[PDB]
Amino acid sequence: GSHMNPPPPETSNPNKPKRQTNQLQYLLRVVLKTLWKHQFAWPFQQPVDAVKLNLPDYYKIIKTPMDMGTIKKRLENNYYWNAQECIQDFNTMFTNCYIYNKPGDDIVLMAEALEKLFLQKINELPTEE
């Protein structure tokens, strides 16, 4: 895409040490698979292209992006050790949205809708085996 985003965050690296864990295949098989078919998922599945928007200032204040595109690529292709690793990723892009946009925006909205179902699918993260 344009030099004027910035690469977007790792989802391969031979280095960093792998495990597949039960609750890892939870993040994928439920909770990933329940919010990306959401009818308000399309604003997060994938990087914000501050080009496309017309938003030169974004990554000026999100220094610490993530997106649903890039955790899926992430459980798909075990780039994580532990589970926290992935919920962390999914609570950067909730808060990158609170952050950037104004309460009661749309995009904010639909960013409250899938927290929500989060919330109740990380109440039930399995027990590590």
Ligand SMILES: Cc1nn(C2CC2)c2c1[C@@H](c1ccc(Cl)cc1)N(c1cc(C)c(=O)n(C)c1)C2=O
Contents of the next structure:
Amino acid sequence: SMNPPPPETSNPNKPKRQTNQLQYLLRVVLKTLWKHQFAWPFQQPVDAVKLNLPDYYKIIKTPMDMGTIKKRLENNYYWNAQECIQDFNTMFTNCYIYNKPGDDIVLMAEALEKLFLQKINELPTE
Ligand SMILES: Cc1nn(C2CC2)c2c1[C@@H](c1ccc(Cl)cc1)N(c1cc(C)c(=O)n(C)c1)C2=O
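We have the form deposited without the ligand; now please give the form deposited with the ligand bound.
Every component of the complex follows; first up is the chain already shown.
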């Protein structure tokens, strides 16, 4: 029932790049998804203690949320856009794995993912 340490958002040894694709992921993709009415359960790591979910962190081995992605974008943690796209896809896939199809949280995740996939389609050229 305990919460694990949050995902890594700072690593001096990890190589970084500030690219136009990563800048678009912060100013366009993250910003749009963040103000959505269904963003609030995805804005911070799942608090298994507060929500009384002792099985969450036994099912989910690669936790991810938009708060962690936001910090990784602000702190220039990524090497490329594909690394950030992988964090968003992991967050959505985590929601589908833990929860049952047709749950309210799955409907919320599916609406955010539809919006994310449309913004990712308009990813500018490197
Ligand atoms: C209540 C409540 N309060 N919080 C915290 C943010 C204030 C959360 C919930 C639930 C929650 C939120 C919406 C629905 Cl429709 C159902 C359950 N939740 C989540 C989030 C994710 C990704 C998840 O997969 N599960 C299993 C729980 C939260 O983070």
